[PDB]
Each structure stands twice: as structure tokens, then as C-alpha cells.
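Consider the single chain below, provided in C-alpha cells and representing the form deposited in one PDB entry.
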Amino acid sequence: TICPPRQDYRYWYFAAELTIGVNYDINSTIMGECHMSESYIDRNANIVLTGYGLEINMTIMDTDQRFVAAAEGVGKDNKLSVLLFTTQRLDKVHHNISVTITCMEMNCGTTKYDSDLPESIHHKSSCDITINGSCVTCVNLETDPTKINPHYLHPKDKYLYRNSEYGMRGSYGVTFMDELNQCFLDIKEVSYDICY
């Protein structure tokens, strides 16, 4: 229980999802467009994934988890949903999160947002969001999702688990347009190609 395996690749997964609503146009999934990198050596989990037009850099502080895999998909009205699968959970402490989204195509720019999100669903964790560019309209982050993560349940060999306790789920949200709650839903034309 004390240690994470620190292996090459994992068969056992977990869940944590987010969605970014961008203004420029993306039609559909490309099946191999994403490229992701992961790190844990710092005692803080970090995952940097470059996708369709933006790079997402997520950091969990005091985690005991290392991001095993990820998936990305494009839905209706130019929404990019990213699922992140970590190794396994050992304790319930409501880890903090730091997310930075950089526009690397068609709307590059400097910093436009550096505030922090309270997440008063339980009011124990805070997520610090930094946005570079103007290619963002909605940002939603659900930690410990309770929905059906298994897409095409299931991949050939991987095993997937998901939290079933309501007390652990966390919701962080930031919108710049008018009333964009529930930026999009999971079960749709979203293809969800593996991210790597």
C-alpha cells in the first residue's frame, strides 16, 4: 500500500476527467494526434499532453499516483475532453491540482488568467488554472468521476476502476461566455482514441 509500482506500463487504471471549450474549429478525432509525457520523480505527479491545438499540463501535489494513461476526444461545438487514468488510490486527502493550458496553434498569446478555483462542492481542494492564449471558453475538471469511464468497455487488456464514493468527487469550473455549465456529455460521437 505504501509504494507505487513505478513500472513501464500498467494494466490497472483509474479515472479523472476534464473538458476544454475552445473557440477555434476542430472537426473530429484524428486517431493518433495526441502525444503525452508523464513524471513523478518530484513526489508530485505531472502529465503534459499536447493535442489538437493546445498543450495541457496537470500537476497533483502530494499524490502517491503517477498518470498511467490518457485519452482525448472532440465533441460538438468544439469541445475537447481529456480523460486521465492514474495508477491507484491509497488515501483520501483531496489532493490539490495545478492546470496550465497553452494555445500552440491559431490563437497563441501571453498569460490571460492566473486565478485559483475554490471548488466548494466540499471546499477542501483548490485548483490553480493558468491559461496562455485566447483559445479557451469553458474549463471543467471532475476529479474522481463517478460516470462510466470505460469507453468501448474495455480496451484489449487494460483493467479500469472508478470511484463509487460521492464524498471524493470534486468539480472545478471556469467559464468566460454566458452560462456554459455542463460543457458537454460523455456518451456521444466522441471517438476517444488512446492518447499516445
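Positions refer to the first chain, counted from 1. So that the term is clear: the rigid core is the largest set of C-alpha atoms that superpose within 1.5 Å between two forms. Compared with the form deposited in another entry:
- The residue among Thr143, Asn132, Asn149, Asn140 whose Cα moves by 2 angstroms or more between these two forms, once the core is superposed, is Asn149.
- When two forms of a protein are overlaid on their rigid core, residues whose CA moves 2 Å or more are considered shifted, and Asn23 is not one of them between these two forms.
- Core-superposed comparison between these two forms: CA of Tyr172 displaced by less than 2 Å.
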The other form holds:
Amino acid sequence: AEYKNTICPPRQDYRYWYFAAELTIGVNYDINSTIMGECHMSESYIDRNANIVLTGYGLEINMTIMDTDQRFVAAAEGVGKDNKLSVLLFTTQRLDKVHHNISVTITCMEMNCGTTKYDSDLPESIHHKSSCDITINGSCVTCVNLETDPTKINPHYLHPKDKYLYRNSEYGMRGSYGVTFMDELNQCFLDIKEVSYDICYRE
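Swap state to the form deposited in another entry from the form deposited in one PDB entry:
Here you get just the chain by itself.
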């Protein structure tokens, strides 16, 4: 009979969003510009595992946060220069201040498909209290970078009018993962303000 916080019940539409992560992926095939309706998303909160599957721009991204009190509520996708795809992920609020292990599976679907080309574990660079299990199926990805609880990034961009946005402000909750498959430096960075984003459609 002692009080404790709990996750919110499922809803058809969410209004309160927490900027959970920013995923940047670079491909070796041509993507020109953002297309409205090009991205679709599916979400599932089973056990304490939250899973988001995004389909768009010739890629499928299957991301999972393990043993978490969060739930994915929205996602957005945009195309930058040099064939870079930026994905913004919005969950419910962060109840506990603990780093969660991540699992990312990137699969090609339109160009340079194949069997599992990469499968490894990426440390958390800043703090080293978690990890990200990364799996790339194909020969299309050149670099991947994941920023969990981003502070510097500004998730307002064209912030939807009907929603409320919240973001982390502590450097101690930041997390960074990254792998580059090209001899040049990672250079998976792309300025958020130079990209045009569109919201992914739940289905």
C-alpha cells in the first residue's frame, strides 16, 4: 500500500513527448530529400522492453530499449546532405535515472541488400554503464551514430503545434554510440537545423 510511480496506459494519440534519442545513419545509395508519408512506425511495449520499428527511405530500423519504464510515442525522419538519414525518437517521460541497454538492427530493403554484414556490441562512450547491440544486414550502411538523452540537440525544429516537448538537461544522462565502416573519420554528424523532418505515421 506504499506509493510508487508507474508507466502510463496506452493511448491512440500522445501529446506529451520526451526526446529519447537521435539516430543518424549514412548510406551509400542516393536519397535526395524528405518525402511526406515516406516513413511508417510500429511500437510495442512488452515486458519492460520498448520496441520501435521504422520503415522508410529503403531502410528498416528495429530499436529496442531493455528493462525500461518508457514507451515510444513518436518518431520523425529527415534527409541531410551526403546521403544521411536522421531519426528522432520520442518516448514517454523518464522515470528513473539509469542507463538502459539498447539493441539496434538496421536492414537494407531497396539497395545493396544481403545477409548479416555486421554484428557487435558498442560501449557507451561517455560513461561506460551500458551498451548497444548493433546488427547491420546489408552492404549499404557506412556510419551509424546514436545519441541517447541528447542535451545539445534541439528537438523543437518544426515542433508540432498540438504537442508538448521535453528534453534532458544533464550531461550525466547523455549516452553516445557509434561505428564507422569507412576509412575516413566517423563524420556521421549532420546539423539538425539544416535538415527537414517529417513525422512517421503509426500503423
